[PDB]
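Visitor: Next come the chains, spelled out residue by residue.
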Amino acid sequence: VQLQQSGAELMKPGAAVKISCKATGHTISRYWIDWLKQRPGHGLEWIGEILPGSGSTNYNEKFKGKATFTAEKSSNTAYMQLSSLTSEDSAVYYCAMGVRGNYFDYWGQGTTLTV
Amino acid sequence: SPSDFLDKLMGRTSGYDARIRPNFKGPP
Amino acid sequence: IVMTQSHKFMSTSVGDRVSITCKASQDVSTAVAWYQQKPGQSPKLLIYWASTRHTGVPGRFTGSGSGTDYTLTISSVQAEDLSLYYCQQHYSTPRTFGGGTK
Amino acid sequence: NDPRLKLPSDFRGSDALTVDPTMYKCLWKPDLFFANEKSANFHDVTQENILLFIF
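Chains as they are written, first to last, in the deposited numbering: chain F, 2 to 116; chain D, 9 to 36; chain K, 2 to 103; chain E, 90 to 144.
Chain F extracted, bound-state conformation:
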């Protein structure tokens, strides 16, 4: 099981970027795909979760509307879209996955974002 994200991203304010999480090793509609945020100076932070098959999502109350989770079983990849980018959004975004619990034992290499 492995999670291969996209590359680094550079956006301007007001725009919106979509980060992918290419699940290489299992069907994407099998496990919950979690999304995290690592902003330097501060610590990590949990964005939400999406079961890529049933379209169910449980966003964090701080990221409601700011983040949108989607999936596409044509290529086994889970997407995240950040709307209304600001300077606060400068951070690294991961797509973890907890199989036997609500911990994060499978991680992605990271996707640097710089507004």
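Warning: the hint list may mix true and false statements.
[Said to hold, decoys possible] Once the Cα atoms are required to be at most 16 Å apart in a straight line, the calculated EDC-like pairs of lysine to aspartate or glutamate come out as:
hint, chain 1, residue 1, chain 2, residue 2
1, D, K33, E, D99
2, D, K33, K, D28
3, K, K103, K, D82
4, D, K33, E, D109
5, D, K33, E, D104
6, F, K65, F, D106
7, F, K19, F, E62
None of these hints come from the bench; they were simulated from the model.
Please build the complex by placing chains D, K and E on the supplied structure of chain F, with the hints as guidance.
Guide: For chains D, K and E alone, coordinates are given in the frame of chain F:
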């Protein structure tokens, strides 16, 4: 102590609630 | 829940015993995980449920504590143990971590 | 929704109140049948297969 120990371990006494999982508010 | 680590930076020599306290906000009592993130890589899992180890972790990492006060423990610090350590509660839905210890 | 099952303010929980699956017999339940089923079936292989979350 008689063999009514089954009543002090379960059932009529000791307040064993058979609907609450073990280690309630604890590990799985 | 607001997990907290009251020591952003800890000092330790190679071969020491160090305890990293992650004082939870409310009572989870087992739901704690500990992560290690070397610079430029994803935080890898070390402990989950505050006392269990992950597949492929060295046996010098030991979790303890319960209720609110938790603690990670490294018996013999090697050279690779010089990185960031994150605690994490997986008891509720909003999964805060608690800053990080160095 | 069932407003009589509103959990008190002194309940933290995670987000729900996962209860004993055998506790369904004390709550109201919608009585939906399957208008096409010739013969349906519950399942109790170790005990009766039911969830009950009370947010």
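Visitor: Each hint: holds or not?
Guide: Each hint, compared with the structure:
Restraint check for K33/D and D99/E: the C-alpha separation of about 14 Å stays at or below 16 Å, so the hint holds. In summary, the hint linking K33/D to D28/K is supported, as the alpha carbons are separated by about 8 Å, within the 16 Å threshold. Of the pairs offered as hints, the one joining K103/K and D82/K holds, with about 10 Å between alpha carbons and a cut-off of 16 Å not exceeded. Straight-line distance between C-alpha atoms of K33/D and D109/E comes to about 14 Å, which keeps the hinted pair within the 16 Å bound.
Distance hint between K33/D and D104/E is fulfilled; the C-alpha atoms sit about 14 Å from each other, no more than 16 Å. For the hint linking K65/F to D106/F, the alpha-carbon distance of about 25 Å lies beyond 16 Å, and the restraint is violated. Taken as a hint, the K19/F and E62/F pair is broken in the structure, with Cα atoms around 20 Å apart against an allowance of 16 Å.
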